[PDB]
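Build the full structure now, drawing on both the sequences and the hints.
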Amino acid sequence: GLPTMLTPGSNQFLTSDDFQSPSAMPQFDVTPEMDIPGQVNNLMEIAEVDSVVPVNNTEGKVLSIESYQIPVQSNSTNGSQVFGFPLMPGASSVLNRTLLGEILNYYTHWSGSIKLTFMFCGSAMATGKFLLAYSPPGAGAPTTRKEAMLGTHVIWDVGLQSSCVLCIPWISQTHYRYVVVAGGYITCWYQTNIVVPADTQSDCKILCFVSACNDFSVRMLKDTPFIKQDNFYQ
Amino acid sequence: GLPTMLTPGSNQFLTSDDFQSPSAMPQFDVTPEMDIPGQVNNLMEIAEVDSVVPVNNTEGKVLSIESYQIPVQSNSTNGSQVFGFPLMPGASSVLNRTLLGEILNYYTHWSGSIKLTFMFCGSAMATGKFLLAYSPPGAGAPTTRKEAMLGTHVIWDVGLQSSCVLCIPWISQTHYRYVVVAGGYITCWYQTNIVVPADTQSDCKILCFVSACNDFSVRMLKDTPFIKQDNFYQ
Amino acid sequence: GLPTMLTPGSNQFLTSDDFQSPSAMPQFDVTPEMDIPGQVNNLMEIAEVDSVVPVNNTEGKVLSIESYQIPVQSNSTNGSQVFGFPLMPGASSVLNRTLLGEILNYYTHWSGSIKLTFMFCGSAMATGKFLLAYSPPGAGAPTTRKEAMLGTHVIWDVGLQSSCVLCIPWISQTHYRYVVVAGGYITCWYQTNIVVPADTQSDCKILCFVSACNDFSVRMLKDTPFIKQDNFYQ
Amino acid sequence: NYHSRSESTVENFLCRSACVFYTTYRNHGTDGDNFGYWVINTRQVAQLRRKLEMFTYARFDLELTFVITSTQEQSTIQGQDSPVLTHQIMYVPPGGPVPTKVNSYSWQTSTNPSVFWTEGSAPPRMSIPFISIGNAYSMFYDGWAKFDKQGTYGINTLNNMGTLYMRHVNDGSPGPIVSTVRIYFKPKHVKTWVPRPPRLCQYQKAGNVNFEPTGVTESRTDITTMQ
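Chains as they are written, first to last, in the working numbering: chain R, -7 to 226; chain D, -7 to 226; chain G, -7 to 226; chain E, 69 to 295.
Any given hint could be a false lead.
Unchecked claim - DEER-style ranges, computed between Cβ atoms: (1) R/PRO(-5) <-> E/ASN224: 52 to 58 Å; (2) E/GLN176 <-> G/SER8: 49 to 55 Å; (3) R/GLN221 <-> G/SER15: 26 to 32 Å; (4) E/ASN69 <-> G/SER15: 44 to 50 Å; (5) E/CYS87 <-> G/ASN33: 42 to 48 Å; (6) R/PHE11 <-> D/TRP162: 38 to 44 Å; (7) D/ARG89 <-> E/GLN176: 54 to 60 Å; (8) R/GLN221 <-> E/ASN69: 37 to 43 Å; (9) R/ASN70 <-> E/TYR221: 51 to 57 Å; (10) G/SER15 <-> E/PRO242: 25 to 31 Å; (11) D/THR119 <-> E/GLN176: 35 to 41 Å; (12) D/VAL41 <-> E/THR225: 28 to 34 Å; (13) D/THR119 <-> E/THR225: 47 to 53 Å.
Unchecked claim - Derived, one-sided and incomplete: chain R residues facing chain D with beta-carbon distance under 7 Å: (14) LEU(-6); (15) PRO(-5); (16) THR(-4); (17) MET(-3); (18) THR(-1); (19) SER2; (20) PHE5; (21) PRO14; (22) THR23.
Rather than coming from a laboratory, the hints here were simulated on the basis of the structure. Where a beta carbon is used, it is the ideal one built from N, C-alpha and C, also for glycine.
Right under this line is the structure:
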């Protein structure tokens, strides 16, 4: 009796709609929820967690646990570069498969600060200094110890502390940037050689961690570029 | 005039829907309800009622009333087993066709306590003791009188009382369990032989009853596996 | 369940409707608006702006900037006509491609007062007088200096002021008139010759501006007759 | 201020309608194999399986939309003039009767939910509640259904969500007609617990977590290189 119009867009199945669906099993009582520990309500909780960064991405090492270990040579030229990777959490293969990068690859846009932690895994008696230098996007990676020092850097003294947390700021012209392919660079430099009670043989290692800060967000959900299937698995 | 959309799921006949149906006989006055005794509003009222359990399920006895009579021998080894059946009200054939089992077979999930009553149908001058032992699920049925006594049991003294009510608790890992095929075991044991004024010939009998307790529920209604038809009866 | 009728006009796509459209990208956060200078909310703001009128529309001059320059001869007969064009902002080619005319050609009906500014681009020592005469629609353009003076006119004295703003009134029998093809005439007359310190060689120029007044409106939007495409540009 | 984390939430992350299965069933056939079926699983589509297996326990309602389209086949039958085609999508709850034939008694669906849809209307839709005697679906099970059998590792009967069955109610014409169902899956009211690392190695089997070992990431030339 009540008049009604066609309202174009009816009798259509828009995949991204929020219409109520009739219940195939009404008058059926579901079991009550149980207080399971670990309630997660947002993927950033996963992205806020430190994950070990594989920086030793050289050929032949990605299949071993040595990909996570940054080698610190017992003797090397002062001002040599210990390591270096670009600040592309969703693009650069160093940070791509981390928890942060895994979350990022599920989305198209992202924004926020990257939290990097470098931990020295050498002896308690070992001492030494490192230049953890950060290059802003567009600047280009430094080529010497002096160029790294003249920019943003910290003197990470191994003897004083075995860890160094470095918060990478958000520098972009837009509110969000694309996850896919500037971002910046992290380079470490031998300020001083590692000094030990002069009797050791093997070399020290540095472990890297990546995390998101509290201002991290992702906008446009998409399919991750990592899992692939030819058809149904069964 | 008022706009309206397609709202997927329209013009469909979902069998389990609760839509109002037009009346083929409106303006017709039905006869008023009469106060008929026996108003039942829930199937548990049927399930709460004691029903005689056929425990004497031996071949050749299911077609006679002897299937309900547990034979108590005039002379037997002490510590012999009088009877024993598993606690599967909807699965085990001992409890399957009882009122409780008949209600249960109409559903897929159930929960609650089984109430078992054992009544001695011997002489008033007869005396004796029984071990009504209950085995929790997964334990396995006891093989001797001692194993039954070391578990959950009652000493049912025939002289003191001719009935014994045994409430089987609810032991499962889920809120509900499937009606179909652990559950436990009831075993009775000859603690002492039946003692009578030493002049009788025939043996005594035990009648078993099954019932549901107040915490009994059934979840998912289905077709009973008992009635079957090839086609319409007319 | 709720009854509803056909309401003719349903399941139709009226191009000029205002029905809500389902969002293909819901749960997507657009970037916040930024305070960009130059917020325009109405095309009249564009139409209120002075635009240089090409009055020197003679053949061979429309491709040069001389089409905007009204030549003022160093010596000419007194009472000669400096220039003249009809008051057809959307029809006459003199005013057609101005900002006002460009806005007008996007519509079918218009109403309001035309604001005309004439600026003398001669020397600061130059002096002289002009008759800026306006002919109401249907009167016909004057043929002599006397006919212009006997009607609506101003004596624009070059020495006293280098600009003259002339507000053309709204004279029509209807609230709106069609943009397409009376309107009136503007004619300028040499009241006196241009007088200079008697040593100059080149002649002076007059620049004309057109604008809409605050009572300007346009009714029926249509396609402009100026841009044309054979098909899609890509 | 802080940027909104709305679409990063587990509800927005997981409640996305995706196609998880499509099958074709005929209108005529030699045997009674003229029906399509699908045991409701979350481990057959890699994207959805990875997204769900990023958590350990989940609890959600299944919203299913069926996109059924019919095609007339080849030739040799004339004057087809088929009337409109009606489809039955029967849902079999866990423990319910499972058809083996197109005209089985289970299709009479005494307690199996069933939706009858006529072509030309909006696609049929039905919603399955959280159906488990347990308190949550477990994407991972470090245990055995029966400890005696080695092959029962990682299998528990608490994740069985039922089976969907599709068929033609009427043939319409004496000529061949094949229909594709194209089930679209959408979890609703999702609660997830105990987050897990994303699956790195490619999946091999739907009922296994077996994997060929893979590198943690892609390699580069040097530890100091930039491109």
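Tested hints:
Take R/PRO(-5) and E/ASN224: their Cβ atoms lie about 54 Å apart, and the range 52 to 58 Å holds. Hint check: E/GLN176 to G/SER8, Cβ distance near 53 Å, so the stated range 49 to 55 Å holds. Distance hint check: the CB atoms of R/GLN221 and G/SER15 are about 30 Å apart, consistent with the given range 26 to 32 Å. Look at E/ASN69 against G/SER15: about 25 Å separates their beta carbons, and that is not inside 44 to 50 Å.
Between E/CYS87 and G/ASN33 the beta carbon distance is about 45 Å. The supplied range of 42 to 48 Å therefore holds. Under the hint 38 to 44 Å, the C-beta atoms of R/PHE11 and D/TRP162, about 41 Å apart, fit the expected range. Between D/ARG89 and E/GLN176 the beta carbon distance is about 25 Å. The supplied range of 54 to 60 Å is therefore violated. Checked against the hint of 37 to 43 Å, the pair R/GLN221 and E/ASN69 passes, with Cβ atoms roughly 40 Å apart.
Evaluation of the 51 to 57 Å hint for R/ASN70 and E/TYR221 yields a pass: the beta carbon distance comes to about 55 Å. Range check, G/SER15 to E/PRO242: Cβ separation about 45 Å, and the 25 to 31 Å hint is violated. The beta-carbon spacing between D/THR119 and E/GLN176, approximately 58 Å, falls outside the hinted interval of 35 to 41 Å. Between D/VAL41 and E/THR225 the C-beta distance comes to about 32 Å, which sits within the given range of 28 to 34 Å.
Checked against the hint of 47 to 53 Å, the pair D/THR119 and E/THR225 passes, with Cβ atoms roughly 49 Å apart. Because the beta carbon of R/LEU(-6) sits about 6 Å from the nearest beta carbon in chain D, less than 7 Å, this interface hint is met. Against a cut-off of 7 Å between C-beta atoms, the interface hint on R/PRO(-5) holds, since the closest Cβ of chain D lies about 3 Å away. Look at R/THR(-4): its Cβ gets to within about 4 Å of chain D, closer than 7 Å, so that hint holds up.
Nearest Cβ of chain D to the Cβ of R/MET(-3): about 4 Å, under the 7 Å cut. The hint holds. Satisfaction of the interface hint for R/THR(-1) is found here, the shortest Cβ-Cβ separation to chain D being roughly 4 Å, below the 7 Å cut-off. A cut of 7 Å between beta carbons decides the hint on R/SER2: the least distance to chain D is about 4 Å, and the hint holds. Residue-level restraint check for R/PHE5 holds (minimum Cβ-Cβ distance to chain D is 6 Å; threshold 7 Å).
With 7 Å as the threshold, the beta carbon of R/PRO14 comes within range of chain D, its nearest partner Cβ sitting at about 5 Å, so the hint holds. About 5 Å separates the beta-carbon of R/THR23 from the nearest beta-carbon of chain D, less than 7 Å, and the hint is met.
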